[PDB]
Structure formats: C-alpha cells, structure tokens
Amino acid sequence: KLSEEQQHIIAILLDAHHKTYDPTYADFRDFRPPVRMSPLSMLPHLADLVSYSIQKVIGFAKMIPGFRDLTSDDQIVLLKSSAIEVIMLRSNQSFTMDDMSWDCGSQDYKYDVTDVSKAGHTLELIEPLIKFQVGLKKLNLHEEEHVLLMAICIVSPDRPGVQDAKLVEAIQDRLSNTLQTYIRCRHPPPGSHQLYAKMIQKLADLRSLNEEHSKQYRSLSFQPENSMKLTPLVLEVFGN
C-alpha cells in the first residue's frame, strides 16, 4: 500500500544516492596516498576521504524531498550535526564482516581498525564504531531502506540550533511514514516492527558515536600539526 507520493520519494532518494555514491571508488586515486608503515600516517589520506564524503553527503541532502524548503541556517545546522553520522551510515556499503574492514576496491583502499588508529582515534570510538557496522550489516537493508535511513538521520528536529523544528519534523515524518510503509510491504508483523525499531536504534547509536568522534576530533584538531593535515571543508564542517 505504498502511495504514489511514497513511491516518488523512494525513487528520488534512490537516484540521489546513485548520483552521490560511486561504487568504483575511482576518485580515491586523487587523495593523498595512504601510509601504513608513531606518526598519524593515515591522517592525510583519511582526511581527504572524509572531506570527499562530506561533499557527497551535502549533494545527497540537497535532493531530499523538502530539504530545500528549510532556511539556509537550518540546512547548515542539520548538515553540520549529521555529516559524521551519515558518513558512518554510508560507509556500511563498503564494510565487510570477513575481516572487519571497509573494502573500497583494492588493498590500498581497504581500511581496518589500525588504519583508523593511524588517524589519531582510540578504541573508545573504534570499538563502538565496529559493533555499529556489524549490527547495521546484519540488518541486510534494501537500498530503499538504506537511503531512507540516511535521509531521516539528516532531517532530524533533535539537533541543537534548529530554528523551524516543526518543519524539520514534518519533513522527517513523511520520510518516516514512507519507511514504515515500505517495511510493511516486505515484512509481515511482528518482524515488520522488529526491523523499524532496530533502524531507529541505529540512529540512537549514531548520536553517541557522534559525541565520541567530536571529543576525539576536538583533541586532535587542537594541535596545529594535526589540523595542518586536514582539509578546509573538514575544518569548516567539523569545527564551528
């Protein structure tokens, strides 16, 4: 019982994802190369990767139905607070549970816990990050549910600094109703409710992952020798 508006929304989000996610990872060749050999040897490569993904998340967010009906300040607030979470979400497409790594094409662009360690982060973040990727992968989401979850995570009225929270909620409500209805067409109860509840829990997990990444990013970026290796976009989005 997907309405034609709900079918329209899913078609829009699927296309937006296909225009902002490159499964070939061809643009990785333009990043500063990874050094693995202590110095934060993977910070330059991973900073470029994160910077590249921030751009993709902005491109995806712009195509969410209703997002551009918000003020520019609310668009900025929603993107600044959600960029880290959407990166963790969209990274799950490359995550594989064979060796707990993000496989993006080749061994050069295959990242494990030690590579994240090589960017300055500790297990306080990486251990919660890995169990998130595993639990998300075990859901075996359809691409429809995946792109809906990313959009819902962006248009969240539960963000500090939001001005028109009621408008943000109304936009999220139709994405949420679209996701709930899509699940019901593919899963009878109670499995239908067990899936949507686990997806909302993943959004809750991202909030604590958001908090821990910002704590470690603040300690890392406070050192000028580290922030020198970042990009201007990362400094703007992750800093102010």
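Residues that one form lacks are left out of the comparison. Rigid core (definition): largest C-alpha set, two forms, superposition within 1.5 Å. Residue numbers count along the first chain shown, from 1. What changes on going to the form deposited in another entry:
Core-based superposition between these two forms shows that, of 32, 198, 68, 186, only 186 has its Cα displaced by 2 Å or more.
Listed alone, the one run of 3 or more residues present in both forms whose C-alphas shift by at least 2 angstroms between these two forms, with the core superposed, is 186-193.
Since the structure above is the form deposited in one PDB entry, I would like to see how the form deposited in another entry looks, so please show that one next.
What comes next is one chain alone, with no partners or other molecules.
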C-alpha cells in the first residue's frame, strides 16, 4: 500500500542517516580525551560528542525531503529546538539495556549514568532520560521507523518561533503519514500494535526532556568557566 514517493522518502532518510551516523564511531577519537576519576571531568569530552552530533543532525536535516523548501529562518528555528531531542533519539541506537549505558565500541567510549552525572547534570534529568532510552528501545523500531521519527521530530509546526507552520506541517504530515502506512504494511504484529501512537508519545517525552534541559543548561552556562569548556557550536545552538 506504499506509494513510490513514500518508498522514496524511506530511501532518502535511510541513506541520509547512514551519511550522518557512524556505527564505528571512529570520529570519537578526535574529541578531547574523557576523564573518569572529578568535578565535571567529563564535560570536555561529552561537550564535543554533542557538538559533533549537532553537526550530524544538521546534515541529516538538510536531506529531509522538503526541508530545503523551508525558509532559512524556520530551518534555524526547527534545528535549534530539535537538536537536543534528535540527539537523545539517535543516541538510542547505541544505547544498551544490558547495563543501561551508551556503548560506542571500546569501553573507552562507553558512557553510563556516572559519566552523564560527571558532566554537570543531576539525576533529575538523567533518570527520565534513561527511562526514555529504555522505553524507546523496547519499541524495537525498524531503521525505517527510526529515521522517520527523527525527521518528524525536526519539522514540527509548534516549535516556538516558526512562521511558516503550515508548510512545516505539510512536510511533517507527509512524513508522518509515511510512518503510519509503513507500520501497517512493513511492521507485522504484535510489534505493530499501537506502534505509531507509542512513537508519537516519545516525541511528547522529548518535549519534556528538552524543557528540563534548556533549563538545566542555563544554570550550567551561568558560570563562564563551564561555558568555557563547551564548543562555539554548542553555545550558538543552545542559546547564549
């Protein structure tokens, strides 16, 4: 029941992801060396992982079918607000339930609760984050489903600052209606049960994680000594 345009959207976003995500995580070796002893001894390293990811989320965003049609300003608005949610999403791909940590190959680049807490974030935001990571992992989404959710997360009309929300909406609907149809045809039961409703619910959780983030970030940035460990990209994107 899938059209060729939808088949096209799937081919695009999958390739677009493969271009923006490295399963070897070889680039992780360029980041500032991680230190586990230790006040914020991980902010330097993880600050680079985030900023690296932000770049890769932008490249993925550009390849979003129809995203180019948006006005330069809206594109600035969507990514500035989705960047963090998209990161938390694309992170799930390396998240494991075996020990509740992000595993990116070597134990050196394996991140757990104490590493995120050692980056300047309390358990108040880490707890709901890991919960989100588990619930999103339980879904066992297909890669086709994974890549769509990320895109739909990018082009959201209700993002604060959006002007051409209707056109932003026309694009999200086209992607969304692609996800719905895919789950019907391509995703067999029981794993297909309410699969869509559960994916949309995760975007509602990200709005929450994002809201507690941009908040807990302003307090992490109040000290020019912490905002001195970040990268120019992280500062420019997560507000100054």
